[PDB]
Amino acid sequence: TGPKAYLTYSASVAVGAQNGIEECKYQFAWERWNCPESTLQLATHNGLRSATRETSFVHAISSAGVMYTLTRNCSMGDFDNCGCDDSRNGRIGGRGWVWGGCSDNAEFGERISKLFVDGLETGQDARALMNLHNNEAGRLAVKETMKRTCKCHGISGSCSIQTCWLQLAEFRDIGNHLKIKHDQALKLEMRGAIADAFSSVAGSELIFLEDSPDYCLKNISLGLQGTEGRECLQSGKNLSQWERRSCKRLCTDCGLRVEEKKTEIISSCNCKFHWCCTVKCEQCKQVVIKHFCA
Amino acid sequence: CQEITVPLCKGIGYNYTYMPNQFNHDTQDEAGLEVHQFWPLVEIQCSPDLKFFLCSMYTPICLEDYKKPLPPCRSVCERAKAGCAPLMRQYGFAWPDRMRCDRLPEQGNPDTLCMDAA
Ligand SMILES: *[C@@H]1O[C@H](CO)[C@@H](O[C@@H]2O[C@H](CO)[C@@H](O[C@@H]3O[C@H](CO)[C@@H](O)[C@H](O[C@H]4O[C@H](CO)[C@@H](O)[C@H](O)[C@@H]4O)[C@@H]3O)[C@H](O)[C@H]2NC(C)=O)[C@H](O)[C@H]1NC(C)=O
Ligand SMILES: *[C@@H]1O[C@H](CO[C@@H]2O[C@@H](C)[C@@H](O)[C@@H](O)[C@@H]2O)[C@@H](O[C@@H]2O[C@H](CO)[C@@H](O[C@@H]3O[C@H](CO)[C@@H](O)[C@H](O)[C@@H]3O)[C@H](O)[C@H]2NC(C)=O)[C@H](O)[C@H]1NC(C)=O
Ligand SMILES: *[C@@H]1O[C@H](CO)[C@@H](O[C@@H]2O[C@H](CO)[C@@H](O)[C@H](O)[C@H]2NC(C)=O)[C@H](O)[C@H]1NC(C)=O
Ligand SMILES: [Zn+2]
Ligand SMILES: [Zn+2]
Ligand SMILES: [Zn+2]
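Chains as they are written, first to last, in the entry's author numbering: chain B, 32 to 221, 235 to 338; chain A, 35 to 152.
Mixed in with the good hints there might be a few duds.
Here are the simulated DSBU-like cross-link-like pairs (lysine-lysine), alpha carbons at most 35 Å apart as the crow flies [stated by the list, open to error]:
| no. | chain 1 | residue 1 | chain 2 | residue 2 |
| --- | --- | --- | --- | --- |
| 1 | B | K329 | A | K101 |
| 2 | A | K44 | B | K316 |
| 3 | A | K102 | B | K334 |
| 4 | A | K85 | B | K316 |
Among chain A residues calculated to face chain B with C-beta under 7 Å, some are [said to hold, decoys possible]:
| no. | residue |
| --- | --- |
| 5 | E68 |
| 6 | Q71 |
| 7 | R132 |
Think of the hints as simulated: they come from the structure by calculation, not from any bench. Every residue gets a Cβ at the ideal spot worked out from N, C-alpha and C, and that includes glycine.
Generate coordinates for the entire structure from the input sequences, incorporating the hints supplied.
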């Protein structure tokens with residue numbers, strides 16, 4: 032933990048935490064709280080001093096982002112210090128397959144993620160333990176989701192014999208997982237008497253203390269910008285019943301009305317494929333009508 | 035995009051392919067070691083399409099204007115299977131499960147864009 036080390040990883044970490052924030056933004060794209068969060072904010076703690084259910088998710092997914100990205104950083108040729116998981120390599124893991132390849136160094140990613148993400152959690156208070164918990168919750172979500180991926184190098188490509196390694200899941204799948212972990216997080220009622241209560245909570249589950257505000261409403265003290273002026277989804281061929289409800293959910297149930305907005309966009313389309321070598325795609329002007337709360 | 039380095043796939047129609055491929059290969063050299071196991075069937079010419087088919091799969095096309103993958107059409111694969119499979123069958127070689135033809139788009143769909151003859 033010396034400033035030479037803090038600097039060499041800091042560039043990559045910042046990219047990681049952003050991925051975490053972006054995925055959080057994805058998972059809540061059409062909900063009243065839509066991750067109005069900056070990377071900066073989880074250091075400033077401004078916009079999330081509220082120990083709400085949603086603040087839990089932010090901590091996990093950003094911690095998960097830092098770990099995920101740097102574990103992948105390590106595995107690719109980005110750091111000289113760390114190789115990959117050479118342990119267990121070469122061995123026989125099952126009938127007709129052996130270990131090998133570059134298994135991702137998750138323990139490296141966890142190592143860094145703790146250093147930066149758990150660092151910002153200053154204070155010895157109950158909220159700081161809560162946040163520290165949620166970090167590991169997202170951190171171990173990244174670990175558990177790892178799966179054996181393989182390449183078949185048998186005769187003519189047959190999977191008769193194959194080399195396997197342990198790989199990360201797609202960060203999306205981790206987001207979906209942590210989304211669930213958020214949906215079913217639970218409230219805690221509570235010096236060592238408090239630290240006892242947190243150990244009664246599974247390391248995977250998310251912890252929150254305060255109830256969540258009405259996200260329909262604007263509350264500048266909390267960094268909540270209200271639901272007004274937010275895109276919603278009305279018409280769509282293949283939209284989740286969830287997505288179809290976004291207009292009633294974001295707008296009308298919040299008092300606001302639903303307005304349309306004509307947008308013209310330029311998209312590559314009507315592609316035809318010439319024989320061999322080449323494909324030529326003309327571009328078209330297309331009219332998309334967006335909806336939003338007013 | 036990178037340039038084709040594998041012998042069997044040079045000058046098939048395009049000089050540029052990407053990695054990793056549909057078979058999840060690191061290098062062209064790794065991909066070449068496997069597609070070279072088909073070299074007999076190319077020389078036999080059990081199907082004219084086989085060299086093109088095997089190359090669209092092991093070293094798929096890479097375009098600087100079209101950045102979505104471009105697979106061979108089902109018809110191209112069904113012809114290579116038509117010509118090669120019986121001969122391969124005769125020597126105790128099953129038509130590879132990766133080479134299966136229903137895993138490929140059929141021609142005539144703007145959504146499913148592919149490579150084939152008219
Ligand atoms: C650890 O891994 C992470 C990814 O998990 C990695 O983050 C990425 O780093 C690369 C390299 O800096 C960034 O790629 C850039 O993307 C921008 C657009 O914003 C480009 O303009 C850049 O292009 C450069 O190179 C081109 C080809 O030479 C040039 O044409 C151009 O002029 C530039 O010189 C470049 O492609 C990428 O944006 C980030 N990801 C982010 C920020 O989300 C991180 O760098 C890794 N750390 C280590 C130790 O490598
Ligand atoms: C912006 O947000 C603040 C804080 O919101 C409070 O904490 C959040 C994380 C959520 O848990 C919210 O549900 C919660 O209200 C709001 O200020 C709060 O206002 C309420 C009254 O509307 C206060 O409740 C009172 O609490 C006292 C004890 O002190 C009782 O006796 C009362 O009966 C009543 O329940 C609450 O104390 C107050 N919080 C503080 C300290 O600021 C605020 O309403 C909101 N502002 C806007 C712009 O809407
Ligand atoms: C791929 O590269 C080859 C080899 O350079 C091209 O084939 C011919 O190459 C000779 C020189 O060796 C040129 O004089 C010819 O013009 C090329 N033939 C053709 C088709 O005109 C080939 O053209 C290249 N393929 C692509 C994608 O253009
Ligand atoms: Zn925090
Ligand atoms: Zn899961
Ligand atoms: Zn409408």
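For each hint, the structure was consulted:
1. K329/B - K101/A: Roughly 20 Å between the alpha carbons, so the hint for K329/B and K101/A holds.
2. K44/A - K316/B: With a Cα-Cα distance of about 25 Å, the restraint between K44/A and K316/B holds, given a limit of 35 Å.
3. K102/A - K334/B: holds, 27 Å
4. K85/A - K316/B: Roughly 24 Å between the alpha carbons, so the hint for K85/A and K316/B holds.
5. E68: holds, 6 Å
6. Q71: OK, holds: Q71/A within 7 Å of chain B, min 5 Å.
7. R132: holds, 5 Å
Checked against the numbered hints given earlier, the structure satisfies every one of them.
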